[PDB]
Amino acid sequence: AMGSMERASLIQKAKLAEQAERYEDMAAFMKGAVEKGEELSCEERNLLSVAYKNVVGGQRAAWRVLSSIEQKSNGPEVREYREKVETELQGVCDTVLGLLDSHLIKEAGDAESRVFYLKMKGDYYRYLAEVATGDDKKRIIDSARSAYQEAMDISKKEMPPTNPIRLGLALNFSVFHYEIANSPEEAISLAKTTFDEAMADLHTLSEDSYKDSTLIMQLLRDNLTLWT
Amino acid sequence: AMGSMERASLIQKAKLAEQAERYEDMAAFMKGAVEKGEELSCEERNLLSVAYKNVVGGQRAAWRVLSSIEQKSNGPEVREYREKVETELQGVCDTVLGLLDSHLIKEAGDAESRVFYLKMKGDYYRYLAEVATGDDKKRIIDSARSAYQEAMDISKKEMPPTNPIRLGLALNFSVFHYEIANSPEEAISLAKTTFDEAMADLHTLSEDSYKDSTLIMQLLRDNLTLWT
Amino acid sequence: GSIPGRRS
Amino acid sequence: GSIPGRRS
Ligand SMILES: *Cc1ccc(S(=O)(=O)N2CCN(C)CC2)cc1
Ligand SMILES: *Cc1ccc(S(=O)(=O)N2CCN(C)CC2)cc1
Ligand SMILES: [Cl-]
Ligand SMILES: [Cl-]
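Order-wise, the sequence lines are chains A, A', P and P'. A prime marks a further copy of an entry chain.
Take the first sequence: its letters are residues -3 to 70, 78 to 231, numbered as in the entry's author numbering.
Take the second sequence: its letters are residues -3 to 70, 78 to 231, numbered as in the entry's author numbering.
With positions in the third sequence counted from 1, the corresponding number in the entry's author numbering is that position plus 43.
With positions in the fourth sequence counted from 1, the corresponding number in the entry's author numbering is that position plus 43.
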């Protein structure tokens, strides 16, 4: 618990931890900062997101290595170790989801913060769904879908089609459709419509905003190239 | 503590952890395997060494990032966080040194195992010396020197000049001289003599041994190029 | 690929 | 550079 460290110090240390590539530390500092109870600024939300995407990204890559070895194998060691990594990953996803539920989402009133947190909620339920096999796997998938859908509804009402958070949300929801929901046609249609509506709005942007939006558009096009 | 897991299972999981790039896990499994009390085979020594070099390698890279930021800075946060990473690094080095002292070195009777463990002992005292500033920094440097020197004496009596452990020991002792002991001339002379005596022994080797030895010779030449 | 999201 | 020593 980071309860004895100042909020501003936790934020400063999270930035240092990023520079040092100490992502577990970075996540613990940002968890501490959230638990101070104040809303997060745009920059602080990004730090929270980057910390946990790196932590869970390493766990997911490890889980995929071990899952592949285990599939080829079919002693208990490979399964046991895959299970250990899986439980650790589930614990990190549950931690992030807990921060969003207590109480980041309910205090997020602006569209930019609310969309950001709901996209996170969809992503972390998606990572749970990647490893799920039991009685609640359908419910996990629906929890991801519901979070992404609420984020999409807000983003289409409140943000321009080139907004980078709106674009990244659509990208990740399209990956959800393709990889989790077994809806490749929905994934392709979402990615295409998102790309085209962004293209048509680029003329409104400054040079710096243009760079930000076109970077994510390229990720949409990369997926469309792979899927079609 | 890994006391309830079988030795063979710990070894198997250390190999899986390597494939999954889970080096902290890998180190904990290999620590558990050492604590079973049996000597380690050549392969098991390599697993132990690779696990801890990755763990301490990440800590050292982080410490250098933070130390550099702290030097440029001269709030307490940068120093505090550098100190936290430093203490963690010191704890890992102390853990490795403890395994070597209890009881890997004393049970190592063959030259190949004894040289391997003494080289490790020099390396981990060297990593302690990289961060040391207090009353015992000279003693830490001398502990590294003494371990490397005993390893060198055994290796010159018992191994051919192309033996990869002998070569890597000489490489790392030359780095100790250059970077820690402020003896660049000793570092250059050790690297040159090691390279030349290895060159003269390559004719005795099979194609596979030739590849193993020449790879480390290239690291010696790379340092000589940088130092001269 | 999803958003890498690994660098601030 | 010392021995990388990072891969078995
Ligand atoms: C989900 C998502 C992650 C990252 C981006 S971004 O890389 O465009 N960018 C991160 C930095 N902040 C300040 C702006 C957004 C977009 C979507
Ligand atoms: C200190 C040191 C580390 C690694 C080597 S090596 O890469 O040549 N090699 C590692 C694998 N084992 C089986 C042989 C040695 C040499 C020195
Ligand atoms: Cl609010
Ligand atoms: Cl023995």
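Any given hint could turn out to be false.
[To be verified] Derived BS3-like pairs: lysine-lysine, alpha-carbon spacing no greater than 30 angstroms straight-line:
no.: 1; chain 1: A; residue 1: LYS87; chain 2: A'; residue 2: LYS32
no.: 2; chain 1: A'; residue 1: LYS195; chain 2: A'; residue 2: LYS141
no.: 3; chain 1: A'; residue 1: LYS32; chain 2: A; residue 2: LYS27
no.: 4; chain 1: A'; residue 1: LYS68; chain 2: A'; residue 2: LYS140
no.: 5; chain 1: A'; residue 1: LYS159; chain 2: A'; residue 2: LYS141
no.: 6; chain 1: A'; residue 1: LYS27; chain 2: A; residue 2: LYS32
no.: 7; chain 1: A'; residue 1: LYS68; chain 2: A; residue 2: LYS11
no.: 8; chain 1: A; residue 1: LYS87; chain 2: A'; residue 2: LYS159
no.: 9; chain 1: A; residue 1: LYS160; chain 2: A; residue 2: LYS68
no.: 10; chain 1: A'; residue 1: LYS68; chain 2: A'; residue 2: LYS159
no.: 11; chain 1: A'; residue 1: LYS195; chain 2: A; residue 2: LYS68
no.: 12; chain 1: A; residue 1: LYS140; chain 2: A; residue 2: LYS159
no.: 13; chain 1: A'; residue 1: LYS32; chain 2: A; residue 2: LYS11
no.: 14; chain 1: A'; residue 1: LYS141; chain 2: A; residue 2: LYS68
no.: 15; chain 1: A'; residue 1: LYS27; chain 2: A; residue 2: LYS87
no.: 16; chain 1: A; residue 1: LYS87; chain 2: A; residue 2: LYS68
no.: 17; chain 1: A'; residue 1: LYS68; chain 2: A; residue 2: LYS87
no.: 18; chain 1: A'; residue 1: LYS159; chain 2: A; residue 2: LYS27
no.: 19; chain 1: A'; residue 1: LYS32; chain 2: A'; residue 2: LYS11
Calculated directly from the structure, the hints in this document are not laboratory data.
Evaluation of the provided hints:
1. A/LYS87 <-> A'/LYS32: holds (22 angstroms)
2. A'/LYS195 <-> A'/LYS141: With a Cα-Cα distance of about 27 angstroms, the restraint between A'/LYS195 and A'/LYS141 holds, given a limit of 30 angstroms.
3. A'/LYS32 <-> A/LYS27: violated (38 angstroms)
4. A'/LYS68 <-> A'/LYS140: It holds: about 24 angstroms lies between the C-alpha atoms, which stays within 30 angstroms.
5. A'/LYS159 <-> A'/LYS141: Since the Cα atoms of A'/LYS159 and A'/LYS141 sit roughly 27 angstroms apart, the hinted pair holds (cutoff 30 angstroms).
6. A'/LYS27 <-> A/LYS32: violated (38 angstroms)
7. A'/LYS68 <-> A/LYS11: holds (16 angstroms)
8. A/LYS87 <-> A'/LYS159: With Cα atoms ~45 angstroms apart, A/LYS87 and A'/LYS159 exceed 30 angstroms; violated.
9. A/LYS160 <-> A/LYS68: Status violated; Cα separation ~47 angstroms.
10. A'/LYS68 <-> A'/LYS159: violated (44 angstroms)
11. A'/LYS195 <-> A/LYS68: With a Cα-Cα distance of about 48 angstroms, the restraint between A'/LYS195 and A/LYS68 is violated, given a limit of 30 angstroms.
12. A/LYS140 <-> A/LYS159: Within the cut-off at roughly 29 angstroms; holds.
13. A'/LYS32 <-> A/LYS11: Roughly 41 angstroms separates the two Cα atoms, so the pair is violated.
14. A'/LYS141 <-> A/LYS68: This hinted pair is violated, its Cα atoms lying about 53 angstroms apart.
15. A'/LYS27 <-> A/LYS87: With a Cα-Cα distance of about 18 angstroms, the restraint between A'/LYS27 and A/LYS87 holds, given a limit of 30 angstroms.
16. A/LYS87 <-> A/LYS68: holds (19 angstroms)
17. A'/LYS68 <-> A/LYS87: violated (42 angstroms)
18. A'/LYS159 <-> A/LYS27: violated (54 angstroms)
19. A'/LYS32 <-> A'/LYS11: holds (17 angstroms)
Of the numbered hints listed earlier, those contradicted by the structure are 3, 6, 8, 9, 10, 11, 13, 14, 17, 18.
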